[PDB]
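We have chain B; now place chain A with the ligand onto it with these hints.
2 protein chains.
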Amino acid sequence: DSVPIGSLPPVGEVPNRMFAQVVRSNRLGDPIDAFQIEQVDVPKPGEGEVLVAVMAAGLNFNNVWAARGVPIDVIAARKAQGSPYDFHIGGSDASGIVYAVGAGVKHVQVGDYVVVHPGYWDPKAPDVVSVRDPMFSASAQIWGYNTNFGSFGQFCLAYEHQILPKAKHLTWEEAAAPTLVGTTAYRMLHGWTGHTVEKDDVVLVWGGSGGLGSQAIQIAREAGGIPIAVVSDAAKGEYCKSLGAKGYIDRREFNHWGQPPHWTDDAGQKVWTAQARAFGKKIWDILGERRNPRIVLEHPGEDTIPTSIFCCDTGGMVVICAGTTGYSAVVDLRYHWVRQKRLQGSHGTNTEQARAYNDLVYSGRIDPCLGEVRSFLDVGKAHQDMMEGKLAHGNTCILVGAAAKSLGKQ
Amino acid sequence: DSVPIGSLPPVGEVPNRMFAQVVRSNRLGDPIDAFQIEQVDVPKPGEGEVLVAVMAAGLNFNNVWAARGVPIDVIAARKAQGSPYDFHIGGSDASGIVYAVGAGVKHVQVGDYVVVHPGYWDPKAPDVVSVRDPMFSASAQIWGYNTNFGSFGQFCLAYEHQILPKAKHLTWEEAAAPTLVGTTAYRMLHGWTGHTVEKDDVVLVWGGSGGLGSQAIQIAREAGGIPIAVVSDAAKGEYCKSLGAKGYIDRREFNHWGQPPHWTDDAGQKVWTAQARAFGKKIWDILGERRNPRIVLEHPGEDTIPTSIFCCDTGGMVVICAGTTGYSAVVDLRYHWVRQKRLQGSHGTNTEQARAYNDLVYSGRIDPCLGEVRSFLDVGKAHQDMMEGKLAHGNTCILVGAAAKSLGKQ
Ligand code: NA
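These protein sequence lines are chains B and A, in that order.
Numbering-wise (PDB author numbering), the first sequence opens with residue 3 and increments by one.
Numbering-wise (PDB author numbering), the second sequence opens with residue 3 and increments by one.
Next comes chain B alone, as it looks inside the complex:
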């Protein structure tokens, strides 16, 4: 039989059923309405799979998208691919304890204390065991968003390659907080040959105090880069400085955000460029010298890309993993072509990148930036809070199998 939340059977004993915070197609909408607790069967691991008892789960805006069914209903998408399930168990971040392994799992063991990286693909696909990068495979996707059986169940299912050793000095909730956003940032900063962060490179980080940005600042700093954070208030600015940013830029000081004027609109271009230059000058002011960012860590998309493209150094890279302000990103070729800049899409993580990121966490070089811990019961409200901009600063987590806060250190 199932067990209560905040408890588990003996290690390696798996119940038939589990509790999960579930979405169904018939209740898509706001998170408060779309999420409901249900009991479902615990899945059995197949070849190469690992069943993890979730001790804590991290929250992400991807769960707001899955709850709303925008841009897609994930359930309907998987049904079109042959899935029998009519529910979605999200959650893309977890810490916990391995409770079962399938055939061919020769490294990970029952009882291991682990975290889960989000880079999901079929380990047995031809393109995965060959092509450039497993994240380019046909099967590549984000665990717990594109896949079912994520961290909002008492037990989650992942492939072996997603399993990482849990940092010993972190609690369950601390360890559950950063991996999705941290590995995403790590691939962005270290994954694109020709434009990886080097010592003394200036790195412009949008949304510096958010989950992605706070990991990016730390990763850049550990690489010997000089991070500059863009933020929405002074407190967030000082938070970013405390994580290693040399300084911050307050976005509210500018009003040019959005799609730029067409290149033929001379009057509009004059006004837009004066704003962009002023933004660039604040970078110079923080550095104490006229240097441009070699790497720009993007994610706002439509409203910021024009500034990113403009400020990026000659021969530099704007790398982007979302479009939170919209997807119609205008690239002015008079900057992008003549000064030979790179606009790089980046998504997920491969295993080498995830392990390298996790090694920084494990060694105590990176802070997981846990802001806020909620109960399993509050997944819907917590994502409602997220959508309404109301979460405390910091990555947010829920307890699942953990009986209380501040457990799990070794």
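One or more hints might be untrue.
Across the chosen pairs, the derived CB separations fall in these ranges [claimed, not checked]: (1) B:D32 x A:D235: 52 to 60 Å; (2) A:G196 x B:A269: 38 to 46 Å; (3) A:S27 x B:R293: 33 to 41 Å; (4) B:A269 x A:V273: 40 to 48 Å; (5) B:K170 x A:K126: 50 to 58 Å; (6) B:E390 x A:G196: 37 to 45 Å.
Calculated directly from the structure, the hints in this document are not laboratory data.
Where a beta carbon is used, it is the ideal one built from N, C-alpha and C, also for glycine.
Structure of chain A with the ligand alone, referenced to chain B:
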């Protein structure tokens, strides 16, 4: 004093004055009006400079821009940087004979039969030591457009690093035809670590029958790539196949060209996607299999970039070296970010790339695609014809020091 066009002094004897097809600021406008023949003082080569007697000169659209003063007048622009000259001698492609060398020239000698690559920068600038590539330096620019003393004078001036050995099996006019566009295309296809043409890569080449496109097709084929040419009519298409394109696509079959609808415009995006999809299927048809181009060789810019970004393979690169239809390039982040695509600006060439490209010419692996030969007297009319619909497929040249056609083979 000066010698006639179609003649030279003995090798190494430099006259005081030379004929040139010159633009002046008081006559900017259409090429037919802007270019006029004048005599000017032959420049004295300074440190690191080489004076080349021009035997033939290649034509390029950059000369139409210079004639018009778009985006700026190059004469006024150089005067603001300290230049004394009130005239512009364009021409960014030359074959000829070295007639003089300045101080500190190491390898190039008087009498050498040469061609000139377009990658111009100050060899004694710090950054040309400390930037990652000399084309990223502050002084990096295009010879004969951004610089004076190009190939439309009887003698032209270049830095030593621009000098290449002229292919022995080519005439003066053949050898003068391809270097600007060929080296540009070489840098695009081989110069961007992470996304260089590999055996069996599909390569989509815009404007296939043009100078750049016809070199790109051949470069891609030499690297074991599979080129697909976009063209404006059937004959251009067949021309592209004879250079090694597996097949061609006629752009006039397609009414979606231009800036795309905004991402929130549902109905606009259905129609736009249907055409982009059909464009994609033409690729697959030519290939006989459902594969996407790993590399897209761009330059039309504004009107084609949405299609390029859409068709580009997961993890692939769209590389762009102009914006002939305009500069406001809209990148849909739903393709670009999620399928991890690269949009790479590229401009000019470094010396390693230029030599590698020229090696292909020298060894007879690449055709310079000489389409038409005109007289020095007709620079203005030839660029007028270029600006209008006229001029043949591939590359046009003029004779300068060569007394007649088909000379210069060794
Ligand atoms: Na020129």
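When the hints from earlier in the document are held up against this structure, which numbers fail?
4
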